[PDB]
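Protein chains: 2
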Amino acid sequence: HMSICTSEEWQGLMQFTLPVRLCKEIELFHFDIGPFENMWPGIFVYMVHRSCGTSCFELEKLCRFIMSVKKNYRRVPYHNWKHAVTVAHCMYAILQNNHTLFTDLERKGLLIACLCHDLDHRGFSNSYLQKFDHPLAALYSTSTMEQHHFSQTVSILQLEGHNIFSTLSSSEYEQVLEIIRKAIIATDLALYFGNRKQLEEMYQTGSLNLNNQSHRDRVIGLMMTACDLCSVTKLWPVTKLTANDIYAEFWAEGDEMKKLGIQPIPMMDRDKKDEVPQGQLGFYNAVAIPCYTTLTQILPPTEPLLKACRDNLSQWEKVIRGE
Amino acid sequence: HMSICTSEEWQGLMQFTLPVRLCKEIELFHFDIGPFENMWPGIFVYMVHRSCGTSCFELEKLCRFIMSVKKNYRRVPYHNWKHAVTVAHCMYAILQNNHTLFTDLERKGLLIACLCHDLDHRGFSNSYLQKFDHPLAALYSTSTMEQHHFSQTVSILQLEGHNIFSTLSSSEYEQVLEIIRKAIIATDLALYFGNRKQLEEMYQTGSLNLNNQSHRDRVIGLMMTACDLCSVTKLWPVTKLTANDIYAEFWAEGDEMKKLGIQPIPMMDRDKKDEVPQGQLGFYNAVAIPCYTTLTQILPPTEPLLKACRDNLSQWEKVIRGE
Ligand SMILES: COc1ccc(-n2c(CCN3C(=O)c4cccc(OC(C)C)c4C3=O)nc3ccccc3c2=O)cc1
Ligand SMILES: CC(C)(CO)n1c(=O)[nH]c2c3cccnc3n(-c3ccccc3)c(=O)c21
Ligand SMILES: [Mg+2]
Ligand SMILES: [Mg+2]
Ligand SMILES: [Zn+2]
Ligand SMILES: [Zn+2]
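Heads up: the sequence lines are chains B and A, in that order. Under the authors' numbering, the first residue of the first sequence carries the number 437, and numbering increases by one thereafter. Under the authors' numbering, the first residue of the second sequence carries the number 437, and numbering increases by one thereafter.
If you are wondering where the hints come from, they were derived from the structure by calculation, not from laboratory data. Do not take every clue at face value.
[Said to hold, decoys possible] Straight-line C-alpha distance at most 35 angstroms; calculated DSBU-like pairs for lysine-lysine:
no.: 1; chain 1: A; residue 1: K695; chain 2: B; residue 2: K708
no.: 2; chain 1: A; residue 1: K695; chain 2: A; residue 2: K567
no.: 3; chain 1: B; residue 1: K694; chain 2: A; residue 2: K506
no.: 4; chain 1: B; residue 1: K708; chain 2: A; residue 2: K708
With the hints as extra help, turn the sequences into a complete structure.
Quick look at the structure:
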């Protein structure tokens, strides 16, 4: 039922070497992958090698995993392969700047989870699938898509010559699958508010214990959300272009409702496209700024993220005011 | 300007007596008015008299109102005089089964609002009038048609010997015009989704209180939508025939767009008649079933509506399956 890669695809990836100029840039939080589409699979390999090591995964098995993952990402406007590598890059930048804060079993799982977190996205919300009783909503009652993304990840790893986590003991293997499970479920934005709530109180009262697994998993969750929203941390022209992509996806979902006689929420309605600048300001103020603020409080090296978020908020604020 | 009834028309109505056989059928929710065309105006009078008494309105003024309302309903395939009386009948059945929950003034207003809710329908959607900048969209920015229906109701009552509420105190009169205003605006399906969602929430958290005017207006609104969609609660052959009438009206609207070059949505496209069973399944699942479900939860005697809705959904389910 999955979509395996061709021999051609993984072999070419194995041959790819990252140009020396982009070595500097890939270390920066505001790095846009956008202009280098042919390099995106190659960029993930680099990040995996630069973080955990050149001998952490079997190069053959790794290249087959990446290229098969790419094939299970649909041609949707925003929740595509480009997003999966943008999110992973941000995770790489965070994991680099907090090098001794996470175990090599967390480091491996976190990058793989970021590349897989939106696997098989059909450009529809959890609310859409529940409202139209889609077979996926029948399998997973809550965090519908996120539970499906995790199921597709597990299915890719279950393919011949794809299990990149096969060299781990049964204990070490079930441990990493759980890191990935939790990281992907955490990408369900509805769960985020509560997570950034509990993390805010835990930071204030100094109760956040990094040795406590339950507490550990909450930080990883926020790290996932911060990576998932990193489009608001890029330079203004990049940020502006990405906004157009997620709207195009939202509008297409609304169009599907309009066809059935249903009225979409303003966000999903393309006839309320002028409401987008105000909607962005609302999202940045209610979702993005709180996220990066708390992330910086827990992991201070992640400060540039919050800085770039603020810069873009100001840009949206200028758009509203008519520059 | 309006369309006044003839002396002949209202005089004959005053003389009409309902057949003793029908007395029991009119009390049932699944009652089809379709076979009794000559009796439709007479049926409304009966319902008025059995709901609010025989001395609630001046028989002369009432018969003139009904017959002139009938004349301001166009010969469109679905949004016609037959629809008005079907909607009103369903409202009568709901009022009857929950008699003491409502005031004599709401019973008066809701039945009149149901007979008037589609007054002067031209067989076009609000989406159409707005996209093609029709003069009616210039007057009313939102709920375009519904605001026009309320304006035509007020215009009929403003006719000589037509003011059926003239015998109410200035306070009662302005309260009944507001009951009607709100009930007709509520027939704009776009507003329904928010209304259903809010009411479901209020029921779940037990915060719903019929003594709270704001809550009361939300229930009346849902009652209006349930009545507006009662065609899906009739027996299968009736339900099937009505679907043909709304589609004849939608197809005519699509034809108007095709003439200007614009491509209608599948629902409004007559070359796309095969997608109709799936369109119905989507409408029943996303609109009709949620509606009756919530209505039954607020007013449990209205359960037959949800029962018959389910029976028709199963019928559409069978059509898709090739049964
Ligand atoms: C809970 O707080 C809010 C605040 C604002 C919104 N909102 C938005 C943001 C949409 N949106 C996401 O709901 C999202 C989720 C995840 C990522 C994302 O943007 C990515 C590119 C980072 C986005 C995004 O733009 N745009 C609108 C556009 C027109 C009219 C209304 C709105 C509106 O109410 C929604 C939720
Ligand atoms: C209920 C009916 C007529 C059943 O045949 N129906 C249908 O099949 N599709 C639809 C339908 C589909 C799309 C939008 N409105 C619809 N309405 C509608 C129209 C105007 C005001 C309120 C609701 C229906 O009555 C209906
Ligand atoms: Mg997601
Ligand atoms: Mg209407
Ligand atoms: Zn994502
Ligand atoms: Zn109607």
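Hint check:
no.: 1; hint: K695(A) to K708(B); in the structure: 26 angstroms, holds
no.: 2; hint: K695(A) to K567(A); in the structure: 14 angstroms, holds
no.: 3; hint: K694(B) to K506(A); in the structure: 31 angstroms, holds
no.: 4; hint: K708(B) to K708(A); in the structure: 28 angstroms, holds
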